[PDB]
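Take a look at this one; I'll ask things after.
Of the protein chains in this complex, one is absent; all others appear in place.
As written, the chains take the letters A, B, C, D and E, and residue 1 is the first residue of each chain.
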Amino acid sequence: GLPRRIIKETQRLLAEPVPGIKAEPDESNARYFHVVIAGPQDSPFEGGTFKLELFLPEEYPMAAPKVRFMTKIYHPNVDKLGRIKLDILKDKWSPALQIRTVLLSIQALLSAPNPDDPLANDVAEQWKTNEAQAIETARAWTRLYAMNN
Amino acid sequence: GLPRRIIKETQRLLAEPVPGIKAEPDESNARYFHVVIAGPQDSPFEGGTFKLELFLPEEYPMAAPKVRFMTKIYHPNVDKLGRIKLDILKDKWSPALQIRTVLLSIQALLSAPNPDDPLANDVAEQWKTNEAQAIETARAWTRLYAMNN
Amino acid sequence: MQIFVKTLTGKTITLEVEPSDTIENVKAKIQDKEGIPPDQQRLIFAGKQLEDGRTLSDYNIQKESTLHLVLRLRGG
Amino acid sequence: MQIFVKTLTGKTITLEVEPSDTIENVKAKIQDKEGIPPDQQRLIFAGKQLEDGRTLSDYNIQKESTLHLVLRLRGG
Amino acid sequence: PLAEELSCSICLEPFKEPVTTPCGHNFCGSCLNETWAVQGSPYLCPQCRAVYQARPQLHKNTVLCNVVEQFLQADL
Partner (left out) sequence: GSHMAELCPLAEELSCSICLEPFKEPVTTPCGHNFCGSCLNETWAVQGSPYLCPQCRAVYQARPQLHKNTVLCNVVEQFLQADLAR
């Protein structure tokens, strides 16, 4: 009894895959999406392949998808549990946004970290006080966690 | 160098004539319209053919046409000079109204006099205090003035 | 049966009616089609301003008759 | 040259641009077509969030490249 | 025909950068600007006499723009 929007979105996803982003439904669940995002070019995450879980709650699109990193990542706006602090996933969500544009937005977030409002305070602090170190750390973690995974 | 609306309107007027209403521009003036409206059915003006002048001021369609009876008529909302007191010809005009719908409106006004708010006070008074006589007079003047020309 | 209503712009809409329909009914269909509320609508036919309570047949309005739409007007 | 912009719904619009056009100019063109003001537009290409000041050629965006439209986002 | 739906009730031409009032009626931005610049408060919808105690700010209806644009570009 899937909403027609989600059906459509899924079809378009399959037919119109975005480069740098893979998203497929679970054979056991049309609302569960296995995601893989490429680290943005010229970011510390370049060359990485990050697994994410995207989930469509019953109230979608009136409420945002639930999105979580499943690959470990060093980012001021992502905690040790992969939870993502991004406004379009809560207060600044819009029902005109879609799976595609949310995933693109998360990719954009990787390309553009924000330490001044932290989710992971330790990481954000490190990103503020010693940006080079934080970048090198992020690249290191990308190698360790997000390559050959 | 006529504004395109007046050209179009005139064209539509000629191409799509409304029954009971004649309106044609003066060959010497595209803004001056010689009009003839039939008295509405079941009105004291029934069988009448009333000549009117309709004129498009420069501010048209932002302002209403100037419309005047040239045939004498016995109506509480029309004076001895043929001037018409109708709200759509002043404050409640709309640029969506047109020659056609103005003439139709005047025809409707003939079909539905309003003595309670007078232009011709004597006539309106006569119409309130002695409606039958006023009606018979209107029919009479229709016969005398509006069954020729 | 069908009838026609000529709107303000000159554009003609066609309406599905029964002869037993009131002018109010017609106005509602026009509102549905044109977004103009009935109290602001006036329908002219044979120079008469049709009355809300009367029916299409009370006026001898038959198929493919055209009614002309006009805005609320008040002689003063 | 032409480029493509994939709008929020997925429908793709085509834009006439020069390689010397800034992301801002592009945003203005998108605004003309879609009514979303530039401060609310974010354009993604090859996973980067393009910067208003930079041009199409700074990013090696060539003819028939596709840019993806996204709304203003803020990590917290 | 929709050739008529897509024509402005003020200028009687195809909508140009049309704008949609809260009462759901459409006008070329310029035509409506002119209409309501002419007067002061209260501001009325030309089509339904809907009353605005102040002038509502409106942006162009991009869907309708694009539809007309398609209509016209196809015609040529």
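The criterion applied here is as follows: contacts are C-beta pairs under 8 Å (C-beta built on N, C-alpha and C of every residue); 3 or more make two chains touch, one makes a residue touch a chain.
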Touch with the omitted chain, as defined above, among D:23, D:26, D:36 or D:46 = D:36
Note = Residues on subunit A facing the left-out chain by the touch rule are 4-5, 8-9, 61-63, 92, 94-96
Remark   = Per the touch rule stated above, subunit D touches the missing chain via residues 8-9, 11, 34-37, 40, 71-72
Request  = Name every residue on subunit C in touch with the hidden partner chain.
outcome  = 33-35
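Following the convention adopted for this analysis, only the chains that are shown with their structure count from here on.
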Closest chain to the centre of mass proxy, which here is the mean CA position = E
Task = Count the C-beta pairs in contact for B-C and for D-E, then report the pair with the higher count.
result = B-C
Query = CA centre of subunit A versus CA centre of subunit D: separation in Å?
reply = 21
Ask   = Quick one: subunit A and subunit C, Cα centre-to-centre, how many Å?
value = 58
Ask   = Which integer distance in Å separates the CA centroid of subunit C from that of subunit E?
value = 24
Ask   = Which subunit E residues touch at least two other chains?
value = 9, 12, 47, 49
Touching chain combinations (by label order) = A-D, B-C, B-E, C-E, D-E
